[PDB]
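Asks: Okay, here's what each chain looks like letter by letter:
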Amino acid sequence: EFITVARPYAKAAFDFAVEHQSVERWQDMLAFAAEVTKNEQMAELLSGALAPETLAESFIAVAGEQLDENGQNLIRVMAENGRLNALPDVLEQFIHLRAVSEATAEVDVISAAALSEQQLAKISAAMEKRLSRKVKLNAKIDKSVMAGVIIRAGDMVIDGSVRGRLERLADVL
Amino acid sequence: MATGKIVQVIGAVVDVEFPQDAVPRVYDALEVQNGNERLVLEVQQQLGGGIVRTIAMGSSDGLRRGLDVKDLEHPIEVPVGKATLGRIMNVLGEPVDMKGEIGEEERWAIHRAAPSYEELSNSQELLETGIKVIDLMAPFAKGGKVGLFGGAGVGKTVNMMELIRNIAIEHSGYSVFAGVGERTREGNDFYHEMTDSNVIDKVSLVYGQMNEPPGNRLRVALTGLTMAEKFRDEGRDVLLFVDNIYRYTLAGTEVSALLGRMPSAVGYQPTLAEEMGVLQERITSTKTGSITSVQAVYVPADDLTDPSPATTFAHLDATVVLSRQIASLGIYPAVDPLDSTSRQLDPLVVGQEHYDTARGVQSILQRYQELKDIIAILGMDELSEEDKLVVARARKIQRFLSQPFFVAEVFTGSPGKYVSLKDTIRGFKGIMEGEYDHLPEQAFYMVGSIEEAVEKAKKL
Amino acid sequence: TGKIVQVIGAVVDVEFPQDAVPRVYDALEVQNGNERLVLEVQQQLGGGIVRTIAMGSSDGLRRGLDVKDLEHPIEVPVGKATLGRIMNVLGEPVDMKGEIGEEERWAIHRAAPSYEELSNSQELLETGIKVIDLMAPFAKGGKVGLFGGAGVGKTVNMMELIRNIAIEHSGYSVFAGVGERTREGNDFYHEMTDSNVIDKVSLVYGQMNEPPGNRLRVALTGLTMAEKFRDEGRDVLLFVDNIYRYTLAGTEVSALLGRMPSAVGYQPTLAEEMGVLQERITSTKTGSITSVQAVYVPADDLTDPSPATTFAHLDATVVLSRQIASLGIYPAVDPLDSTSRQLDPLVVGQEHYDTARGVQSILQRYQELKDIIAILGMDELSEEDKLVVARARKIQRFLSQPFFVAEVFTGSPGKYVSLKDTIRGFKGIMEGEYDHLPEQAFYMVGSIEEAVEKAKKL
Amino acid sequence: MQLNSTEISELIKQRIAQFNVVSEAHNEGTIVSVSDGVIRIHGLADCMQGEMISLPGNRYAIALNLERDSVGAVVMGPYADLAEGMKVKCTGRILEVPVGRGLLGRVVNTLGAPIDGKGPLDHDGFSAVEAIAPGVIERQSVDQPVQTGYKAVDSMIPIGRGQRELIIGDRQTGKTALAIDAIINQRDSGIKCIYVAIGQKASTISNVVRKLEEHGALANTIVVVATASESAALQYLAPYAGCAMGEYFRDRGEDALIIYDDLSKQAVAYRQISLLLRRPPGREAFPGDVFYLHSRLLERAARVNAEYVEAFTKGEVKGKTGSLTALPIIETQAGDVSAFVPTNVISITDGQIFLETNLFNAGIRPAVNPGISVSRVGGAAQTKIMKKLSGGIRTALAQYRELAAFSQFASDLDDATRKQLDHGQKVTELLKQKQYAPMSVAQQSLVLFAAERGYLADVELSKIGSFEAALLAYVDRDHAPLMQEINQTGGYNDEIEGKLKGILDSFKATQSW
Amino acid sequence: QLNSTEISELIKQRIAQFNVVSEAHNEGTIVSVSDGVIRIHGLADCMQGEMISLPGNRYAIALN
Amino acid sequence: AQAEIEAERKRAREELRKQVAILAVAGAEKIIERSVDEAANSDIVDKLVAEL
Amino acid sequence: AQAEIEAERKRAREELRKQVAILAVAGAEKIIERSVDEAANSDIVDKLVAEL
Ligand SMILES: Nc1ncnc2c1ncn2[C@@H]1O[C@H](COP(=O)(O)OP(=O)(O)OP(=O)(O)O)[C@@H](O)[C@H]1O
Ligand SMILES: Nc1ncnc2c1ncn2[C@@H]1O[C@H](COP(=O)(O)OP(=O)(O)O)[C@@H](O)[C@H]1O
Ligand SMILES: Nc1ncnc2c1ncn2[C@@H]1O[C@H](COP(=O)(O)OP(=O)(O)O)[C@@H](O)[C@H]1O
Ligand SMILES: [Mg+2]
Ligand SMILES: [Mg+2]
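Chains as they are written, first to last, in the deposited numbering: chain W, 2 to 174; chain E, 0 to 459; chain F, 2 to 459; chain B, 1 to 513; chain C, 2 to 65; chain Y, 105 to 156; chain X, 105 to 156.
Only chain W is shown next, with the shape it has when bound in the complex:
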C-alpha cells in the first residue's frame, strides 16, 4: 500500500499546479496516468525490472494526454524512484488536497429510506456550519438501519440511527 510514499508526490504536484492555475488539467492528467497503470499489459511491464529511464519512456509513449514538460517530468521522477504504481494514490491525495484548498467536503447520508429534499436541504445547511466547507450530499439507503439517519463526514460520523440507539442501550444493561 502506497499511502505514505505518495504524499510527497501529491503535495509537489498540487503545489506546482497552483503556481500555474492548472489544477483541473493536472487532476485530469493524473486521472489518466492512474488508468494507464491499471491496464493488464502495463501492470506486467511495471513489475519486471526494466531500467527506470526506459520504463519511463515506454510509459510516456502510451500517454499523449500529458503536457509536454510537467506531467512527463512527474512520471520520470516517479519512475526513477520506482513508484509508478503509486499513481492511483497520488490521485486520491491530490483530490483531497484540492478539496481542502477550495474548502469543500463530501458527506455521506445513510438512511432507511430516501429523504424529503427539505430534510436534505437542512442537513446540508447544518453541515456547512459544522464544517466551513461547501458540502455535497450523496444520500444512500440501507435497511439494516431502520429509522433515523447516519451522517458520515470523512472520519466523523453522527450515529443518529435508531439501530445505533438499540445497540447502545443493550450494552448499558
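Hints are supplied without guarantee of correctness; some may be wrong.
Here are the computed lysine-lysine pairs in the BS3-like style, where the Cα-Cα straight-line distance is at most 30 Å [to be verified]:
| id | chain 1 | residue 1 | chain 2 | residue 2 |
| --- | --- | --- | --- | --- |
| 1 | B | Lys87 | W | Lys12 |
| 2 | B | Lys118 | X | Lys134 |
| 3 | B | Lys384 | F | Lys458 |
| 4 | B | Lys13 | Y | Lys114 |
| 5 | B | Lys118 | Y | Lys122 |
| 6 | B | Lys384 | F | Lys416 |
| 7 | B | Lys388 | F | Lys416 |
| 8 | B | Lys13 | Y | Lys122 |
| 9 | X | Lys151 | W | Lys144 |
Keep in mind that the hints were calculated from the coordinates and are not lab data.
Given chain W, put chains E, F, B, C, Y and X with the ligands in place with the hints provided.
Replies: Structure of chains E, F, B, C, Y and X with the ligands alone, referenced to chain W:
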C-alpha cells in the same frame, strides 16, 4: 463458489487474495485443487489489501499462482463422538486406516476457548490408576497433567496400554491418543500391540508424524484434544495421551520461522508460553466431566532450564520417570520411586496417612541406596545390625512395587491385578511398620495386594 | 508553528516550515491535555521534519497538535540560589517551596574543558573505610566508582562516603539521583534537613518512575550545577547515584530513533554518549570536582559493554561482589579487583604500598588453592599452605567494618578507622603477630585493638 | 425472598430511565491488518496514544503507535474474530479501570469486568491504568509494621506499610503460599488487600479463591486475574490494573497490600508483545525497557504524607497517611539469583525474601534462606518488642548455616561452636511453621523470648514442636491479659520482660509438655 | 515501502525541469543531521575519502 | 457453608437479571420495527438535524 | 439451601414473565419518543411472556 486466488507460494506458506470484503477470518480453513486432489489451507494472518497468509495442511508442491481458492466459512472441523473409537485419523479427521468412513453425526471446530472461570470443578479429586507405584508415590489429580520422563526400552507403551485398559474397565471413561511428531514405526506397532490386547476398542487414535508438513504436526494435538472434549461433554472421565509435547513446541517454532516472526529466548517462537498455555488450559476437570492427560516429555540437551521444559513444567502436576535400572533388576513397571514426584502429595489433599507412608518408603529406599554402596565397597558384614534390617526391609518394599498388568499376561503368564489405593497403603504400612518380616522377599514380587503376598509365602 | 506527525513511545516527530526548522538540542513545547510538555529535538530528518524526545508522559498526545519552538536549549537554574533545594531535569523546583531566585541559567549541553586547562592532584583523601583506603586510595579532585550487581552495598557505601568526607568538607556539594528509588531520595533529603547540612547540598532527582527523557538528561542537569561551582573558583563534591541509568535510558530510546542495534542490543553510540558526559566532570586549574559514582553492572557480568566502557573513565575503581556479601562481609569490596591510579610507592609511601601488595598476593594465593580445597579437602594442603589459608581468611574478615549508616541493619555502632591505624593492623596480621587468634575475632571490628579485645569474649 | 422480581424490574427500569438518547459524534477508522493479536487501524485522525479503541463486539484495543498513516494497537481479548475492513470507534478515554471499595470480594478481569457470576460492579468511578508515582517530596518514611503470619519473615525480614518486598525463588518452593498467608493475616488489621494472578492456571486461581473464601479473607480482597490462556495484552496490563485499584485506597489515606503473582510472566508477555512489533531485543531477548516496565509499576507502591492526602482529596481527609505495600513474586530457574529479570526486580524493590529449594526439600518451611534475604527498611518497620528480641538473629542463623558447611566434617573450639550449633539448630527447628497457621505478634514474641533467654537447651529437637504447642496453649489459658496487652502495643518494658520471665519459668517447671 | 529523501520541494523542482542545472557539481546542500552523520544532496563530483568543507572551518569525510 | 449459600444466591439473582435484560431489548427491537413508519422516521430525522 | 433456591427461582421467573412485556414497551418508547399502542403489539409481546 470460489473467490480467492493463490498469489504466493514459498515452502509451506501460501498467500491468497480475496475480494476486499470477503477476507477470511483467522484460523478459517480454505481449500484448493492441487491437481487431482484437494488441499486445505489454514489462515494464520491477515495482511492488508485483501491478502491473507496461510499454511498448507499438506505438501504444497504443484501449486501454481492464480489457482482458485474456496473459502470455507469455519475452522478445521473433525468428527467426534463414540463413532471415532478404534479408528485412526489425521489432523483433518480423515480415516487414515483403510476401514472406510467414520460414521459420526457431529463435527466440532478444533479452535476453542478454555473453560471459563466458573465452569471449573469446585473440588479436587484423585484418579485411581490401579498401579501401586503411581497411586502411592505419584498420585494423579483428576483433570491434571502428568509428565512421563522415561526413555526407551523401559515399557512406556505398555504403561500407556495399562492406563487405557484400567481407565476403560474400572472407570467408564474412554481415551484419546494424539501422535504428535514421532516415528511411524512406533505408531504402527502401537496400533498392533493394542489391537491384539482388545484395548483398541477403548481408544481413539489421531496420528501426525515426523513425515508430515509442519501444519499437521502443529494441529494434530488440537484434533486429539477436541475429540477428548466431546467425550468430556458426555459426562465421562477421559484420558488424553500426547506422544511428545516437545515436538508440539518444535512444530510451532518451525511455523513461526516460516511466518518470519522474530526469534526469542533460545531459538524458540516469541509466543512459546501462549501456544503451550492455550493447549494445556483446555484439559481440566469441569463440573460435567474431566480430561486427564499423560504427556511424554523430552528435555533438550539434558537441560531442565531450556525454555521448552521450563515452560512445560509450569503445567505438569505429577511426574513419573522410568528407569532402565529398575527394569534390569526385573521390577515392572519400572517407575523410579525417588525421582517420581507429584504436587498432590500433601496431607491437606491426600491425607496424613498416605502422605507419611509415601515419605516413609521414600526415606527407606534413599537410605538403602547408599547402604548398598557401602556394601559394594566394604562387603556386607561390615554393616550394623540396624542397617541390615533396613536393607532387608528395603528389598521387600522394592519388590512389592512390581505389579502384574492385564496387558502383560502375554509375557508373565500371571493374571493381571488392579490394586485399590487402600490396599497399597496397607501393604506398605505393614512392610514398613515391621509386620511381615517373617516371610521372604520373593513372596512379594509381582504379587498384587499384601493379602496375596502372604498367600504366596505360604506356598513357597 | 509546527505539527506533530508521529508519536512512537517516548519519541515525537514534528513538522516545521522548511525555513524555520529548529536546531539540534533546541527545546520545543506542546500542550498535552491540561499540562505543558517540553520536547528536546535529537535529529533533523529531511524535509522540515524533526525528531524529538519527550521530557514527560507521552500519553495523551494526538497527531496534528501545534507545538511551539522555543529557540534555546534546555536551561536550568544555576549557582548559589539553587542550594538546598530539589529540582527537576528541567530545572523546576520539585519541593513545595517557591521559585528558585536564580540570577543565571545555563544550557545543560556544554563542551568539556580543554586539555590545556586540566589539573592533576596527588593530595590523598582519607575516608573512614579500611578496604577502600588500603586497596584503592583516592585523591582530592579525582573520580571514584563503585561497581557492583544489584543489592550488594554500592548505595550504602556512597552514603558512608558522604558522611565521612562531605560533612567534614567546606565547599558545597551536588547530588544527582539518576534513575533510582524515590524512597531513598526522600530519606536522604530528610536526613540532610534534620542535621542542617541541607543548605550546602543541591539536589537533582529524575528517579525511576519518570519517563526515559528525564532519566536521560537529569545527569547533565546535575553536572551543570556542579560545573558552575567549579568555575566560580570553589571545590565541589558530585555524587551520582547510578550512572548506568543514563545509558539504559539511551538504550531504551535508541531503536525508536531509527538506529541499528549494536553488541548486546546497546545503542551504536554507547561509548560516545558515555564519554561526552564523563569528560566534563573533571577538576581544572580554576577549581576541582571530587566525584563518587555508583555503577550498576547488569546480571553481575563485569564484561557487559556498559561497565566495560565505564572502567576506563575512573581513577579509583571499587568492585563489589555478591559472593562476598553472601558471606555477611560488609563492605563487600573485592580486593582482587579494586585498584587506584593513586596506589604508587611515590604517592602513598613504601609502607602502605607494600602492605597493599602483600594483601593482594596472599588473597590471590588463597584463590588458587580454593579448588584443590574443594575437591580433596583442606587436610591435603602443605603446612606452609595451611598458614597461607588461615591468614587469608583472617584478612578476609578484617576487611569488614561496621558503618554508621548501617546501624539500622546490624545494631552495632559504626567505626572510623584512620589509615595509619589500618596499615598497621594488616602488617601485623601478615607478619603473623596475631596468628594465635580465632578468625571470628576479626569480623566487624574497627581496629586491631578491638579485635584482640573481642577475642577475650570469643 | 431476596430474589425480588420487583427488585430486578425496578433495577432495569431505573436504567431505562437513566439513559441518554441524544446522538453523539465520534471518530471512526478501519482495521487494515490482523496478526498474532496486533491490529493496524487506518484513519482515526483524532486518536491519542494510550487511548482505548472500541471494536466490534464489546472488546477494546489499546493504541501504542501513532504512525504517520496508521495506528498500531493490541487487542485486549480474543482477536481471532476480527477481520480487515471492520470499523472501530475512538473513545475519548485513556486506558481506565473501575475503582472503589465496592470491588472488595469480587473476582475481576484486568479490564475490571467481573468474571465471577455475581453481576455488575459497584464502583466509585474510573482510574487511569498508567500513572506516575508520587514524587520525592510527597513520600514519607515507612514506619508502621505489616504482620505476616510467619515467625521467619516477621522476625528476620520485617515488612512495613509502604515497602516493596520481592518474594523470589524456584518453582514449587512455597511462594504463593507465603503470599496468601500474608493476605489472610490482614483479615482484621484494616489493610485492604489485592491479589493479581498473571499467567497462572485457572485451576490454581479457583483454588486460591476457594481458600481466600475458606478463611473469611475474600470479603476483604480484590482478585485481578489473567490466566495462562488469555491474550498477552491482558497478562501484560494486569498488574497495572491492580495497582490502579490499590492506589484508590492509598490516595484516600487508607492502607492496602497488593501481590503480583508472577512479574516473571508479565515480563514474558511483554517480551511477546514487543517482539511481535519487531523491536530490537537485548539480553536474553528481552526488550530494552524491560526494566522500565517493572519500574513504573513497582514505584507506585508508596507511602504518602498527610499533605498529599489532603491536597488530593480536596481537603476531605485530614492528618491521615495512606500506603500501598507490594509483594511481587519472581520465579528463578535452578535457583539462579543472577539472571536478568530477577536482578532487575532485586534492583527495584526494597528487599527480597529468597526461598531456597534445598531447604524446602529438607522439610524446612518456610524455607527462608538467611544471608541472601534482607529488608532494606530494616527494623524501623518492626514493633518495639520484636525489634528487641530479634536483633541480629538473622545474621546469627547465617553464621550457623555457613559454619555447618565446615563443621560438616570436623571442628575445633568445640564447645562454643557446639553450643552455637545446638542453639542455631533448635532455632531453625523453631522457625519452621505450618501453612495457614498465623500467630499474633504476642505468640511470636514470647516464643522468641523462650528462644533467646535460654529456656530451650534441655528440650530436644524432637520436642520443639511440643514446647511451642504447650507454651501457646498455657499462655492462652492463663495470661490472656498480657497477650491482650502485647497485641495492642509494641509493648516492651522491664515490667513486661519480668512478666514474660515469670510465665517462662512457670510453664517450664510446672507444665510438662 | 519507505522514502529515500524524495521530499516535496525537490520533487517540485524536478517537475519544473527534469534535466536540472549541472553547474553545481562542486557543491551541495545538507538535508539531514544526526548523531554526527550528515546526508548531502548534490556533490555529483564528490570522491570517496574526499574532504567536504562545511560552514565555519570544519570538514567531513565522504564515505557513502 | 453459609458463605457459599450467600454467593449462590447472588449468582442466581444475576443469572435471572441477565435473561430479563436481553429479552427486554429484543422485545423493544421487534416492537420498534413493528411500529415505525414515515411519521416516526421524519420525527427522528428532524429531531437529530435540529441539533446536528 | 440450593434446592430451596431453585424453587425461589421458578417462583420469581413466573412473575418476571409479566415484567418483560412492560420493560419492552418502556424501552421501545424511550428509544423512539413516538408512543406506541399495546394493541398491535399484543401478539409479539406474548412470545416474550411465553419464552421467559
Ligand atoms: N510452610 C509449609 N509447610 C508445609 N508445606 C508447605 C509450606 N509452604 C508450602 N508448602 C507446600 O508446598 C506446595 C507448593 O507451594 P506453592 O504452590 O505455594 O509454591 P509456588 O512457588 O506457588 O508453586 P508454583 O511456583 O508452581 O506456583 C504446596 O502444595 C504446599 O502444600
Ligand atoms: N509389565 C510388564 N511385564 C512384563 N514385561 C514388560 C512389562 N513392561 C515392559 N516389559 C518389557 O519391556 C520391554 C520394553 O518394550 P517396549 O514397551 O516396546 O519399549 P518402549 O516402552 O521403550 O517402547 C518389552 O519387550 C516388554 O517385554
Ligand atoms: N555495612 C553494612 N552493614 C550491614 N549491611 C550492609 C552494609 N552495607 C551494605 N549492607 C546491606 O546491603 C544491602 C543492599 O543495600 P543497597 O546498598 O541499597 O543495595 P544497592 O547495591 O542496590 O544499592 C542492604 O539491605 C544492607 O543490609
Ligand atoms: Mg542502591
Ligand atoms: Mg505459585
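Asks: So, for every hint listed, does it hold in this structure?
Replies: Hint check:
no.: 1; hint: B:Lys87 with W:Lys12; verdict: holds, 28 Å
no.: 2; hint: B:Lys118 with X:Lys134; verdict: holds, 28 Å
no.: 3; hint: B:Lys384 with F:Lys458; verdict: holds, 28 Å
no.: 4; hint: B:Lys13 with Y:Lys114; verdict: holds, 20 Å
no.: 5; hint: B:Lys118 with Y:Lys122; verdict: holds, 11 Å
no.: 6; hint: B:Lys384 with F:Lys416; verdict: holds, 25 Å
no.: 7; hint: B:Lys388 with F:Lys416; verdict: holds, 22 Å
no.: 8; hint: B:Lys13 with Y:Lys122; verdict: holds, 14 Å
no.: 9; hint: X:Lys151 with W:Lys144; verdict: holds, 25 Å
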